[PDB]
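J.: All chains should be built: construct the whole structure from the sequences, respecting the hints.
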Amino acid sequence: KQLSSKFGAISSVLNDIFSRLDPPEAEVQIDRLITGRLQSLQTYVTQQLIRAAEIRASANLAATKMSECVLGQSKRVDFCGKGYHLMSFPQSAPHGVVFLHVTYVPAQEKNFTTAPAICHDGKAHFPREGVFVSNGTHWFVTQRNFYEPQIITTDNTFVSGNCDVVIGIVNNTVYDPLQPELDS
Amino acid sequence: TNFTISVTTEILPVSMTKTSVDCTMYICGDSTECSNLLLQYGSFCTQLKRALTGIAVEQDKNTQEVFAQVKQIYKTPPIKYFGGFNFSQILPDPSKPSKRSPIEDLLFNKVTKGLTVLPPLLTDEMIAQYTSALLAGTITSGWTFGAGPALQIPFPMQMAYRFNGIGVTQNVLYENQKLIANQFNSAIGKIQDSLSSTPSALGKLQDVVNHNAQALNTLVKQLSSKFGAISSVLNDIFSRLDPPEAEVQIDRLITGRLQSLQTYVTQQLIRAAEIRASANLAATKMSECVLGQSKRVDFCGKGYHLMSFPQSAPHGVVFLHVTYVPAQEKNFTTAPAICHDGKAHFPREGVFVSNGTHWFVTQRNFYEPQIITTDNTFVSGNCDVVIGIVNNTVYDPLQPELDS
Amino acid sequence: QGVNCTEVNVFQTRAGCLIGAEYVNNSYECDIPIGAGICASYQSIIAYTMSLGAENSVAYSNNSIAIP
Ligand SMILES: *[C@@H]1O[C@H](CO)[C@@H](O[C@@H]2O[C@H](CO)[C@@H](O)[C@H](O)[C@H]2NC(C)=O)[C@H](O)[C@H]1NC(C)=O
Ligand SMILES: *[C@@H]1O[C@H](CO)[C@@H](O[C@@H]2O[C@H](CO)[C@@H](O)[C@H](O)[C@H]2NC(C)=O)[C@H](O)[C@H]1NC(C)=O
Ligand SMILES: *[C@@H]1O[C@H](CO)[C@@H](O[C@@H]2O[C@H](CO)[C@@H](O)[C@H](O)[C@H]2NC(C)=O)[C@H](O)[C@H]1NC(C)=O
Ligand SMILES: *[C@@H]1O[C@H](CO)[C@@H](O[C@@H]2O[C@H](CO)[C@@H](O)[C@H](O)[C@H]2NC(C)=O)[C@H](O)[C@H]1NC(C)=O
Ligand SMILES: *[C@@H]1O[C@H](CO)[C@@H](O[C@@H]2O[C@H](CO)[C@@H](O)[C@H](O)[C@H]2NC(C)=O)[C@H](O)[C@H]1NC(C)=O
Ligand SMILES: *[C@@H]1O[C@H](CO)[C@@H](O[C@@H]2O[C@H](CO)[C@@H](O)[C@H](O)[C@H]2NC(C)=O)[C@H](O)[C@H]1NC(C)=O
Ligand SMILES: *[C@@H]1O[C@H](CO)[C@@H](O)[C@H](O)[C@H]1NC(C)=O
Ligand SMILES: *[C@@H]1O[C@H](CO)[C@@H](O)[C@H](O)[C@H]1NC(C)=O
Ligand SMILES: *[C@@H]1O[C@H](CO)[C@@H](O)[C@H](O)[C@H]1NC(C)=O
Ligand SMILES: *[C@@H]1O[C@H](CO)[C@@H](O)[C@H](O)[C@H]1NC(C)=O
Ligand SMILES: *[C@@H]1O[C@H](CO)[C@@H](O)[C@H](O)[C@H]1NC(C)=O
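Protein chains in written order, with the working numbering: chain A, 1 to 184; chain B, 185 to 588; chain C, 589 to 656.
No lab work stands behind these hints, which were simulated from the structure alone.
Just to be clear, a hint being listed does not mean it is correct.
Straight-line alpha carbon distances no greater than 20 Å define the calculated EDC-like cross-link-like pairs of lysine to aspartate or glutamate that follow [stated by the list, open to error]: (1) B:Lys479 / A:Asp78; (2) A:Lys6 / B:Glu431; (3) A:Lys82 / B:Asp482; (4) B:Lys255 / C:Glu643; (5) A:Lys75 / B:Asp482; (6) B:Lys479 / A:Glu129; (7) B:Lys255 / C:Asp619; (8) B:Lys255 / A:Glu109; (9) B:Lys280 / B:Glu309; (10) A:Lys123 / A:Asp155.
T.: Spelled out as structure tokens, the structure:
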């Protein structure tokens, strides 16, 4: 639509200008018209360059996302999906790409009584990967994302020092799986 | 043999000042004939108005993306006890009417025609509320508030989990909890004093503000340019010369002003793209450093990253990265494997360590010797394949059980 | 925007003065931005401060944990 701009000339058409005004004097008007058209073209070119740079950055972001959480796992939280990420499915899109992220979302939480460690026989016991939880009268170790109570034993816990330097420790016995074999 | 809890600052710009420019008022002013002559130029003013509105909504979208990371506004408990840890400098102060933290107040104080400066969609009060909600979520609920429902977790076990995230057991944290809390408080005080005493720490935001103000001043001063004409005022050429020459002079002034405004628009678009990239980086850091722990090196500060604090800033965001820095190293003799009864023993998670006489196993990031047993070691092959194996016995905790 | 309507259902904001909208004390998730905290919507046309979200206060304690 910018082609039909006067740009300070008598008309947007140039053949009529050349017919009604002689090219010696119409050269200035034609030069003004073509330099206005060239300025509009340069503005369009600069806008296209800026848009192309932005879309290239977006495409690089999409390529990195497909490198991380499509061809493998992704440990970056809130990078390519809300919540814990499992996988994604790339599908074709018009002049673009779309992602179908499969995410892991926990639900239905419950209250439990926690403890930093367990003091048994004067020695503090720390979980290998879980956390000591209590439902009111018994102690259990559970995963950090799912509820799965288990008896505290020596296989999933390790001993490091005594149980007085730490703060918040409680008293609970630790079942030894090795004992009943040689008890009999 | 020792660690150091170091807190480092990271300032990243978020958004620039949204501006709107009127083409007719800036170029021609109050001249109707000038407006009639400009109306034949096409839709340059419409194009630039569309570009400026796109820039403004881009800034608003960047602010929404970097600040509204959650939909639930969390509140700190009235009992602000977290096992000896102090967070008074980052929590909002009820004494101040602005509900801003002393650190936030310090960062706010340290930062100082046809054109209208549009105010941002999000004010500083709701930005401060967003930062307070993020702090409450990352302190009381841990990192799980950004991945669904918020789960309550006390601070010592959250710090133990964060230490486990960089391969450090919780025993050293629970044996030196008071020392860790005192070091954290000292680091917070030191970084607050450094932010108060260093005017050059706010270089990026001040540079952005100065660039925007200087661009506005240059666009204002471009009206005084004669652009090769007799006068720089349209009134003088309208009331002092014949219309056949006054039309040419008016055309020269309007094309010079249009070129200047096009250059200003191009500079604004380039700066907006740079601010877009910076805001995307800041949003990534907020999603990784604040909403969780990142195993990436140097993404969330120097050294191993534990956690971070998001703080509001004028036209920017300030991060307080909590880092893990080892110190006080000691020379120790090592060996790839231990030979015992013709079997090669390899560590499960650590490395074999020797002080000269005995051999132990310890973690990679901390010194914690332990007796080399079969629980923390696994056997694989014999001893004539590995290179550098030494001779030592492997204790069996099962052996005294049936020895008696 | 940028001027006061006293020298032009009238409401005054920091961004400017708007006519044709009624101020509502309720906080809703807005759709049409205005500026300076105010964010109008259609229900008639109303203007109000935009809502950040539902207010929540987790019961924090030093001996309580939550496991899904
Ligand atoms: C906490 O959980 C444990 C195990 O799930 C409960 O122990 C069992 O409780 C059931 C009924 O509540 C009894 O029939 C079993 O005999 C119990 N097991 C043992 C080994 O005694 C315990 O009751 C739960 N406590 C609370 C307060 O809910
Ligand atoms: C856990 O058990 C220890 C050892 O029995 C308790 O420590 C004793 O506590 C009593 C009074 O609480 C003192 O009179 C003893 O001198 C303590 N003995 C030792 C060796 O420290 C401890 O109180 C118990 N904790 C709980 C929560 O029951
Ligand atoms: C690790 O370093 C910290 C500080 O760098 C040491 O803590 C100091 O301990 C001495 C003696 O106990 C005290 O006089 C200092 O006041 C402590 N400093 C601080 C800042 O609390 C700690 O002792 C070191 N660890 C070891 C094993 O030596
Ligand atoms: C946490 O830090 C704040 C800020 O430094 C401490 O408040 C200071 O307390 C001392 C007395 O202990 C006063 O002399 C200072 O004037 C206080 N600072 C300010 C800014 O008012 C606070 O004591 C620290 N500890 C706790 C548990 O909050
Ligand atoms: C290497 O560390 C071991 C473990 O601490 C040291 O063995 C102990 O050394 C002390 C200091 O003389 C003795 O009191 C203990 O009886 C030793 N323990 C055993 C089981 O013998 C050992 O001395 C250290 N070696 C060097 C060169 O520092
Ligand atoms: C560690 O012990 C092994 C076994 O006792 C040593 O290997 C012996 O080395 C001698 C010569 O050095 C040979 O004659 C034997 O045949 C080897 N025995 C076996 C079973 O291979 C080894 O030298 C010892 N390492 C050190 C450093 O003393
Ligand atoms: C846990 O208890 C607190 C207060 O006792 C309560 O606010 C919260 O809703 C409880 N959560 C669950 C899952 O029962
Ligand atoms: C929890 O905090 C309260 C109040 O600060 C305190 O009385 C109690 O001893 C704390 N519990 C533990 C296990 O430290
Ligand atoms: C370890 O030994 C080397 C050379 O013997 C020495 O340069 C270095 O300082 C020592 N490291 C420590 C911590 O003493
Ligand atoms: C260590 O290096 C020295 C010199 O390069 C060499 O003599 C020695 O055999 C090496 N030891 C091992 C275990 O590679
Ligand atoms: C309202 O008008 C008065 C006087 O005309 C002016 O001083 C004041 O700044 C105006 N209010 C706003 C919010 O601009």
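J.: All hints are to be evaluated individually against the structure, with a verdict given for each.
T.: Evaluation of the provided hints:
At most 20 Å may separate the alpha-carbon atoms for a hinted pair to count; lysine 479 of chain B and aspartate 78 of chain A meet this at roughly 14 Å. Taking the CA atoms of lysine 6 of chain A and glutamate 431 of chain B, the gap is near 14 Å; set against the 20 Å cutoff, the hint holds. For the hint linking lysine 82 of chain A to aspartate 482 of chain B, the alpha-carbon distance of about 24 Å lies beyond 20 Å, and the restraint is violated. Of the supplied pair hints, the one linking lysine 255 of chain B and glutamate 643 of chain C holds, its CA atoms being roughly 9 Å apart against a limit of 20 Å.
Of the pairs offered as hints, the one joining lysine 75 of chain A and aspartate 482 of chain B holds, with about 16 Å between alpha carbons and a cut-off of 20 Å not exceeded. Of the supplied pair hints, the one linking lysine 479 of chain B and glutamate 129 of chain A holds, its CA atoms being roughly 18 Å apart against a limit of 20 Å. Between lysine 255 of chain B and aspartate 619 of chain C the CA atoms are separated by roughly 15 Å; this keeps the pair inside 20 Å, and the hint holds. Pair hint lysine 255 of chain B plus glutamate 109 of chain A holds up; C-alpha atoms about 19 Å apart against a cutoff of 20 Å.
This hinted pair checks out: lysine 280 of chain B and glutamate 309 of chain B have alpha carbons roughly 12 Å apart, not beyond 20 Å. Of the supplied pair hints, the one linking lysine 123 of chain A and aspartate 155 of chain A holds, its CA atoms being roughly 16 Å apart against a limit of 20 Å.
Of the hints listed earlier, the one the structure fails to meet is number 3.
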